[PDB]
Amino acid sequence: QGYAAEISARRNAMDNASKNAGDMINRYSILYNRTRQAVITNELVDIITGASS
Amino acid sequence: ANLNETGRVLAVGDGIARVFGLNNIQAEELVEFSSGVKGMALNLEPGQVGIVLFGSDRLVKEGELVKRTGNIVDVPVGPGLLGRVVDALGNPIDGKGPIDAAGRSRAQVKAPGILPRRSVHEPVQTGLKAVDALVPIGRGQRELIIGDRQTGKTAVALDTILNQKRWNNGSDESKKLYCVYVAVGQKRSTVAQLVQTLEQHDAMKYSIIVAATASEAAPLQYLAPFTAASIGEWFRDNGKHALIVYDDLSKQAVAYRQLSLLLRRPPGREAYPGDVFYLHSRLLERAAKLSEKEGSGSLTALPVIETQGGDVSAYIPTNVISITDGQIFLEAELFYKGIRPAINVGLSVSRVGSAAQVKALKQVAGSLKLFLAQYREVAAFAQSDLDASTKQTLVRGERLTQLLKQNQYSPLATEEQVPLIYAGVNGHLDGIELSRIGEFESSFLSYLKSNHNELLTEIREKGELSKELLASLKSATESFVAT
Amino acid sequence: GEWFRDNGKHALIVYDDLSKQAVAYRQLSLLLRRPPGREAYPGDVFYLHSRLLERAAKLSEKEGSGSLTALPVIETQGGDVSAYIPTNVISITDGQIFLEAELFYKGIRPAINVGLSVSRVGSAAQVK
Amino acid sequence: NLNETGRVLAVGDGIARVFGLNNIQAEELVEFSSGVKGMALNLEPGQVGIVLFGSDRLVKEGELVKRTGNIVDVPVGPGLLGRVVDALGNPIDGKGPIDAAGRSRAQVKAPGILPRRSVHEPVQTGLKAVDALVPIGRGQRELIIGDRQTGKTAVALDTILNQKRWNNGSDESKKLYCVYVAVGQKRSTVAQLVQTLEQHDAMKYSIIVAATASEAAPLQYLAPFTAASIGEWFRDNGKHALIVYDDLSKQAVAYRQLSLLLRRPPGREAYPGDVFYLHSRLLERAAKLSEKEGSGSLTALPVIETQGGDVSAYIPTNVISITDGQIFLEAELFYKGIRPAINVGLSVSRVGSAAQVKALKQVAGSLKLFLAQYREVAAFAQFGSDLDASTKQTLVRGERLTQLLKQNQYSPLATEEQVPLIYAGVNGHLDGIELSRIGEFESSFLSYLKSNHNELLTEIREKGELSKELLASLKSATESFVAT
Amino acid sequence: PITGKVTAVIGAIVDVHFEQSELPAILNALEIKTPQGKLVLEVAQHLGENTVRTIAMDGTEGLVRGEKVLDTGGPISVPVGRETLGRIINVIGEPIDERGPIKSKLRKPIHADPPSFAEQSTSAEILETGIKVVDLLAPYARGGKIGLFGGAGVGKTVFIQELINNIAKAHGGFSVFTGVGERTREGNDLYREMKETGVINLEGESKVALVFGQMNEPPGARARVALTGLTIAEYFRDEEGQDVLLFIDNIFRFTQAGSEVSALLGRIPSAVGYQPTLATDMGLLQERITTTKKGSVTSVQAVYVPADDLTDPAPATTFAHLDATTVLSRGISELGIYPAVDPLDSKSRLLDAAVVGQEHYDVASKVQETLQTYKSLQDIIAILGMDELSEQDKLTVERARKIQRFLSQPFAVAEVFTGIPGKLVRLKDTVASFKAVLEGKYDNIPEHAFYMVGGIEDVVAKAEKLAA
Amino acid sequence: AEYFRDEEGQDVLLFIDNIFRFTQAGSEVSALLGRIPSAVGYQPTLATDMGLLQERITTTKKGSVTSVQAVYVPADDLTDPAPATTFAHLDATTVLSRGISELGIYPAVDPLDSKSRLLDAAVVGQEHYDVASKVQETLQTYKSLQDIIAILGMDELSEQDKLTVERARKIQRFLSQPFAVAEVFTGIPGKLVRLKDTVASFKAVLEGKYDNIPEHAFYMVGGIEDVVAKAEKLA
Ligand SMILES: Nc1ncnc2c1ncn2[C@@H]1O[C@H](COP(=O)(O)OP(=O)(O)OP(=O)(O)O)[C@@H](O)[C@H]1O
Ligand SMILES: Nc1ncnc2c1ncn2[C@@H]1O[C@H](COP(=O)(O)OP(=O)(O)OP(=O)(O)O)[C@@H](O)[C@H]1O
Ligand SMILES: [Mg+2]
Ligand SMILES: [Mg+2]
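Just so you know, the protein sequences line up as chains G, B, A, C, F and D, in that order. Note that PDB author numbering has the first sequence beginning at 224, numbered continuously upward. Heads up: the second sequence runs through residues 25 to 407, 410 to 509, numbered per PDB author numbering. Note that PDB author numbering has the third sequence beginning at 256, numbered continuously upward. Note that PDB author numbering has the fourth sequence beginning at 26, numbered continuously upward. Note that PDB author numbering has the fifth sequence beginning at 8, numbered continuously upward. Note that PDB author numbering has the sixth sequence beginning at 240, numbered continuously upward.
No lab work stands behind these hints, which were simulated from the structure alone. Each residue gets a CB set at the ideal place from its N, CA and C atoms; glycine is no exception. Errors might be hidden in some of the hints.
Just the calculated beta-carbon pair ranges, DEER-fashion [claimed, not checked]:
(1) F/43 - B/221: 41 to 51 Å
(2) B/462 - F/382: 20 to 30 Å
(3) A/331 - C/403: 33 to 43 Å
(4) A/331 - D/468: 42 to 52 Å
(5) C/416 - D/434: 51 to 61 Å
(6) F/435 - C/320: 50 to 60 Å
(7) B/27 - D/268: 25 to 35 Å
(8) A/279 - D/305: 47 to 57 Å
(9) D/333 - F/368: 23 to 33 Å
(10) F/435 - B/130: 55 to 65 Å
(11) D/333 - C/459: 45 to 55 Å
(12) F/208 - B/221: 52 to 62 Å
Bound-form chain G, shown alone:
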């Protein structure tokens, strides 16, 4: 009985872990997009400053 309960509990625990991992993936995907845009903008500003003198 303890074995059956433990296997079911581990199943549910890994389900919860997968939910949480998906949520974290969404958060850091948003953060990655923001950082990508920021990097492009800052490097382009540097290039423009070098060009405009």
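With the hints as your guide, set chains B, A, C, F and D with the ligands onto chain G.
Showing chains B, A, C, F and D with the ligands alone in chain G's frame:
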């Protein structure tokens, strides 16, 4: 020479004209070109002037003659604009004939200083249970509405505009609130449909619309909020109360970025110029309540901001947050669950706070802000087993949240908000099926309007609950819930 | 190649590789002081590879039935396909054969990543 | 005439554009009629671009300007010891004038390939982590790098304070005269630092070169080079000097200011094209000279402030490229209670074991291995997964070694005291001690050794090497104390 | 007197041509007579051909090329001395409290050299603020320099007003408050509160001088009002020989304002568009705010953080100039943990065992160790949850959560909108409470009892209420 | 080097350190000359400067100029334009890795990122090629499994996976070698291992003839003979 009051265009491009002459021109003076398009003298330089064009540069060719207007950029103001739709420069675009002007006021003016002002002590009743209960707005306040696209920002602002009907039909100028709505960068069809929506609800006769739609040249989009603020400042300065909605200041920021970069001014963070803060501040500082010596007029601002990806930490959102006296954060995670108006009560704050709130609501709505934050805390870890206290907390939160939902275009008066929030806070809803809470309201108010109209009239007139009135409301609530 | 294409013959052209052509065009543009763009490339760098690659075509019977197949090679630093030039070329072409170093080390050679590799013309060209 | 004088064409933001001065040398020092001085950085076909060493309010258009013939130079000699001087060597401590053995130019070419010698002498910092894991040799260019408020200045200041032991001695070869260059720091911070040095009596062998925040950008720029020239006197006269640049990031910012105001073409992050040249020609002046050259040395400890730990930034990358090693300080370690919070993984010394006290080398050889294993084992165990017994023992060892390296500020340890501690930790004698009590153990253990085994400490100091007999005696003493 | 003509009007920048043989020195004040009164320009550069470039202290709208400009012969100068107490001073040094002229015997220029190195004095005395997080983890120094770092909406103004309420009412020495690009509403609120509490007293003695260049002002005014606030505080420091408080909200606006004009002055933009002169402008303003052997100046500076980016050049440059820093964070605010001070980024040189004492140092260090341990685990707690932690980790995370909630505190000035009565906690009480919490004496108390209570006694009382 | 090649007919070795300094100095001079900076500040002419430097270094029909080139990699980023440009010119890349060094496995070459034009069965023979390929497969499989082992350890893996991981660890440590120059960084006498013996040793380890040897016997030893000797010495 004739170059004193006139000039010859040297060059045209990127929405900027370079003109020769105009020796006697004032900085920021409005000039008129041959084709009738107008511009603003932005740069005065030795031997030339830079003119920002309030229109398509197709309308201006090199060699054209340009004429001084002699007036800094200004717009007509007065009560005659009520019910009118005007462009950024105060020209009528509804097609209902000329504007009637009490006078003209500059687009740019310094906001009133420290001494002329007064502490905000009057409510702007939005008719929304969540806003009026948890993040009240006062007259003279400047409350940010912020959130993703299609999250209901304009719905909140327009419900606030529509609610003012019951008082604008009244006799007291001290209660009437006149609403200016500013469309910046919005689709022209959307503004037309919004005007039609106002006219259906008869909210147009006390409202003014200033529109700089998406296709209009960037300078007009940049200018529109300032001229709309100048229009509202007439009511402010003449002892009357006004409400101005900027929808959106983000698109104004985009238009100002366009101007800045086409002037080749250095890009800053997110390619915006450093001046963008001074773009909004000198605007939003114009929302104020004046002292008794100044006639006690007030101008209330509701700036609208669109956050990509929900970033309240972005450059422009943080700039406006640092300028306003509060924020109403609308959350997509709630809006797409059907939780509408979708106020994120945790991040939403009104830092004028209770000073603006009606005392009856401050009584019945006691600690509801804290209870809903607590519910959002306890409900997070609910999905280690639930203690009975946490079960009660979840029941209360579920049922209060269902009670704070509201249909669009259905403002709900304070005498109607008070009984519902009383019932929710004092626990009479704990035993009622939550899927029927939408029914509950409809029945409960009706019951009160039939059996207890005296209590509603007293709540309206006194603005306070005495222990007698408090006990009568309690008795009515129990009588209904038993029923 | 267009000589074979237009005279009814079939040709195959391999560009090895377009990243270095883009680098050379960036050098020309910057030393001419033409306005830079993203990653300091000239604004119209898309119009370089689109002008180059759209010349691959299969001509109808009236026009001589010839063709010119193109296999542009592209090098991605660290596997970043989001870079400017990889994005432009991926947009312009009809598909991609994607090679991954992780598969190469495992001994799967020529290391084609089958999941990322797609030929949008696809089955129509395949041998029955 | 215009050969030896000129007329100011323009003034602004600390730059003057001057007409004339035909015969001026590049970088020559110039004097304006109002008395403020400047430095002629730009020579152009019709103009000289002069960066001012003061307030531009004093200079105004049409003013007459005079050459000097002098390229920037500063006084040098032992008379500066105990003094605080500005970027040009003028005293600012408020004491009397400064005696100088001579004057030396600010920019001076570094010692060539031939006169140098391989670094072999140690700079004993008195910090257990540094001396044990990232040794600093005399003539080494050791970078201290990290975020704001992590402990960089504390590390350098502890290194400076530790030299009391030898600066009081007769042996001139063991001494180490200290120069601390405060670039961009606020004056009150330098005042607190000199207060600390005088409190610990370390000022009598130190020199402070201060170019604080309010100093015009040229002086913040030029202070490191003049301080290097000040230390090079000790280097070239057979004495040993330690120069701490706190910090080179603000010098780079000052040079960005100058170059951008002269309208020189910017580089990455708007820095000028040749900041790497700036720091390379500054740091290559540290050297260990051969016996023909008097065997003197100059040791450099550059400080670099990273923003959000990002070493990929331009200037941090440059200085990491130039220097012979890095002492990485990290805030996350600081708040875990590790002090001075050195990240012992990222930190490396390229001279390394070649410039380490031999006894401490003997005992510390295994320390790097245990810590390297511990980092991975702890990374695994943090997740809570089941553990092998030996891996658990590696956790036991690594946590206690990490605790053993903690050290209070302004409390440097002599190597005679560092050797027993690292020995006890490495050889596992601490495994039986409670992790909380390690800080007690140290404080008691030394007190035991100084009482019951003073001969061991005396031999460890005077010999610098653990013979087999000394190692056996140390084993005996360590087990004796651990028993009690 | 020297006079010239305006030749170019761009934004806040005005070029003036002086065909006379002499030109005004840099930083000189020039005056244009206008219908509103006068417009003051400050000389920023000499351009050549007898042209100077100047920064306007007010709106340039209405200027015409050829307007006559008169040189005042000196820098912008402001009233100083006790006649300024209880009054509101404009950037150019004029009363805007509408109570008539200021009758001070002296007027001093706003630009002056910082004190020399020999003049510096170094205090090591703790200033008790009554705020748990500050008094525990980052004690403030009397006569030192204090900074608040925070983005928008985290509540810097509430914190500044709580500091004023707690300190200025008992400092004895005169106070100066400089609004640099903050809300006019909140300047009005400060003035009203000071009038009601008697810190400002229209009928008699007043102990606070107000200088306001609030955010509605052009960049030229915002770039200089801080120097007027300084110039008054310096007169109290050096001439009256008093101790001084000098509040500056928000000093970041001084830097930002400069950037707004920098592009017009013709400079090459620095990183992210800031002016090249950022570091030296900051230095000249900042280490002029200092304690000296003549007098003590305690200064509290609110530093805005654009886009919550602490790595931005302005906050990064400002960090080096401060003795004590408290870093308000949005991440803490979202939890509802006001005052939202980040306990692992607040820093102070007085948190030293020789200054705070060994007990206080040990308590603070162990609090930070617990919070750092909790922060490290948040990835595992987020994905796997509490269950997979070791029992020691579970205990440490419980104590860390309780400590986080215990560091929250209700300010009186926030009671208007929080609805929670304000509490003030003594330093000894704070140290004792956190020592008791770390010793596990209250491991049984639910964490909710620790939220928004002034001390451990209130924790026990709130736990009792939660039990009933 | 060119004079020795073309005018004397010698075979020449041209050791260069550091090529990154050539690139960086080109960037500095370009910036000073006022050329518009390219990505991350490098000069527009980066690729052609590198080409002009590099492909002068070549084996003409008069003589061969072998060259060994040390390349600094800023921030350990091999994607930086300077290393990225340098890579295209090289016949054999020996990529040193910080990660491998932090395991203590010196000389810390990355066994997978390092690549050679000559690692072809037609050049080195099929036995050498097979051993190298199997070593790469084993190390890459071990690297892939590490992502799971970091969570679940080795207990959950299949016996085939356990065996391959253990052999991978033995091989990974066997790649370490004590250099003579390193006798200041180590007390271990330096040793030099022939290519043939290296192939034979790695073939023996791959085949499992030394599965019974503890991992530490493979650390910083020479050929497989040293593995046997050290295994006995430990025992
Ligand atoms: N209280 C509400 N109840 C039900 N639906 C609502 C409510 N408020 C808004 N909606 C729905 O949301 C839709 C969009 O609302 P609204 O136009 O106010 O959003 P918005 O944030 O201003 O959008 P946009 O970014 O497109 O300008 C409305 O058409 C309506 O469908
Ligand atoms: N070993 C240590 N033990 C305890 N506290 C320490 C130690 N080293 C430094 N500190 C404390 O850490 C804080 C930062 O120290 P320090 O001033 O040396 O840092 P820094 O990196 O030079 O900072 P900044 O960037 O502000 O100049 C100070 O409180 C100092 O007292
Ligand atoms: Mg909308
Ligand atoms: Mg420091």
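Cross-check of the supplied hints:
Separated by about 43 Å at the C-beta atoms, residue 43 of chain F and residue 221 of chain B satisfy the suggested range of 41 to 51 Å. At roughly 45 Å, the beta carbons of residue 462 of chain B and residue 382 of chain F sit outside the given window of 20 to 30 Å. The given range of 33 to 43 Å is respected by residue 331 of chain A and residue 403 of chain C, whose C-beta atoms sit roughly 36 Å from each other. Checked against the hint of 42 to 52 Å, the pair residue 331 of chain A and residue 468 of chain D passes, with Cβ atoms roughly 47 Å apart.
For the pair residue 416 of chain C and residue 434 of chain D, the beta carbons lie near 37 Å from each other, so the given range of 51 to 61 Å is not met. Restraint check, residue 435 of chain F to residue 320 of chain C: a C-beta distance of roughly 58 Å satisfies the suggested window 50 to 60 Å. For residue 27 of chain B paired with residue 268 of chain D, a C-beta distance near 50 Å fails the hint of 25 to 35 Å. A beta carbon spacing of about 29 Å between residue 279 of chain A and residue 305 of chain D contradicts the range 47 to 57 Å that was offered as a hint.
A hinted range of 23 to 33 Å is violated for the C-beta pair residue 333 of chain D and residue 368 of chain F, which are about 51 Å apart. A C-beta distance of roughly 59 Å is found between residue 435 of chain F and residue 130 of chain B, which places it inside the suggested range of 55 to 65 Å. For residue 333 of chain D paired with residue 459 of chain C, a C-beta distance near 48 Å keeps the hint of 45 to 55 Å intact. Checking the proposed 52 to 62 Å range against residue 208 of chain F and residue 221 of chain B shows it holds: the Cβ atoms sit about 54 Å from each other.
Of the numbered hints stated above, those contradicted by the structure are hints 2, 5, 7, 8 and 9, listed in ascending order.
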